[PDB]
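> Residues per chain, in single letters:
Number of protein chains: 2
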Amino acid sequence: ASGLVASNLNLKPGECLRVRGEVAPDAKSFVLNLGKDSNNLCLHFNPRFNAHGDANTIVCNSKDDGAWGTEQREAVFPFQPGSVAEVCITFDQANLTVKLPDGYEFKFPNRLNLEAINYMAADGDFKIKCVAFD
Amino acid sequence: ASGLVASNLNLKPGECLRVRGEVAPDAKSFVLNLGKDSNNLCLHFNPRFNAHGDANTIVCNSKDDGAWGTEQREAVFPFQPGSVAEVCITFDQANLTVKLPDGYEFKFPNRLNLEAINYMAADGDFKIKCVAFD
Ligand SMILES: CC(=O)N[C@@H]1[C@@H](O)[C@H](O[C@@H]2O[C@H](CO)[C@H](O)[C@H](O)[C@H]2O)[C@@H](CO)O[C@@H]1O
Ligand SMILES: CC(=O)N[C@@H]1[C@@H](O)[C@H](O[C@@H]2O[C@H](CO)[C@H](O)[C@H](O)[C@H]2O)[C@@H](CO)O[C@@H]1O
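Chain order of the listed sequences is B and S. The UniProt record's numbering puts the first sequence at residues 2 to 135. The UniProt record's numbering puts the second sequence at residues 2 to 135.
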């Protein structure tokens, strides 16, 4: 019952990836992963409403050759269960820049040194409705 | 590179898939495949500018267990190299409905009797700019 999975995205540095999806009404959290494949994620975007001991906190992390890196938590939380949320992601060799529904944007280190993002996957709590490449 | 590949779409009857992309300036043909998986397609949407003996011909077909079905060809070709083109495909139990860039619509029988579309793949000279699922 997982979410949408996309491969061969070929997102290049500077390109803006816009993803709009519906957060499940009973979601305790949701995930949007970006990277080379399921075991190599340059970005594990994980807004947690009430999950894993956290409340209303965005947790980001990287996964390299299967290994999870050091998590980074964001300063804001412009998300709510049972609503449509859109995030905009771009990257360069040093960092990924993530823009949230509230227009707030932060950076997450590009720990995989990715020069292209070909994989994206959402979990069962984030129903992707639209994906744009600009 | 090649073409975007999305799985776990879970597109149900009555739902529409909108795909917008850029037709290569020297496009020969491009494909949008929809179905259960790569070897089971309810719709192989293949606009051929100049390929396989076809000149500006939209060729559609189904693929059952790897075997191509009986091709269907349309009477219009609203695609132009070097221009953005959008197609809207609606899935229904009896037929899939395709709405072309200029509003022309045609149907293609759901030969595989799919109850949902979970696979989408793009190939050829068409750079996807955005996809909307519902
Ligand atoms: C600050 C901290 O240690 N928080 C942790 C969460 O990171 C942790 O969630 C895990 O996160 C990793 C990414 O690092 C994987 O996504 C893993 O699947 C998650 O469970 C949770 C639960 O283990 O515990 C704390 O909140
Ligand atoms: C008029 C006719 O029957 N032509 C066919 C070609 O269209 C066909 O090419 C393949 O067509 C399928 C769709 O059925 C895919 O688009 C595939 O990529 C094409 O190569 C060829 C080969 O099967 O046979 C006839 O020429």
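In short, the hints are calculated from the structure, not lab data. Incorrect hints may have been included.
All copies of an identical chain are treated as equivalent in the list; a pair is satisfied when it fits inside any one copy or across any two copies.
[As the list claims (entries may be wrong)] Quick list of in silico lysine to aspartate or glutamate cross-link-like pairs, DMTMM-like style, CA-CA up to 20 Å: (1) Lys130 - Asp55; (2) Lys13 - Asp55; (3) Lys130 - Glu87; (4) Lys130 - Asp27; (5) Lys128 - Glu116; (6) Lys100 - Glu87; (7) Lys29 - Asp93; (8) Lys29 - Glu72.
> Please name the hints from earlier in the document that this structure breaks, with their numbers sorted from lowest to highest.
1, 2 and 7
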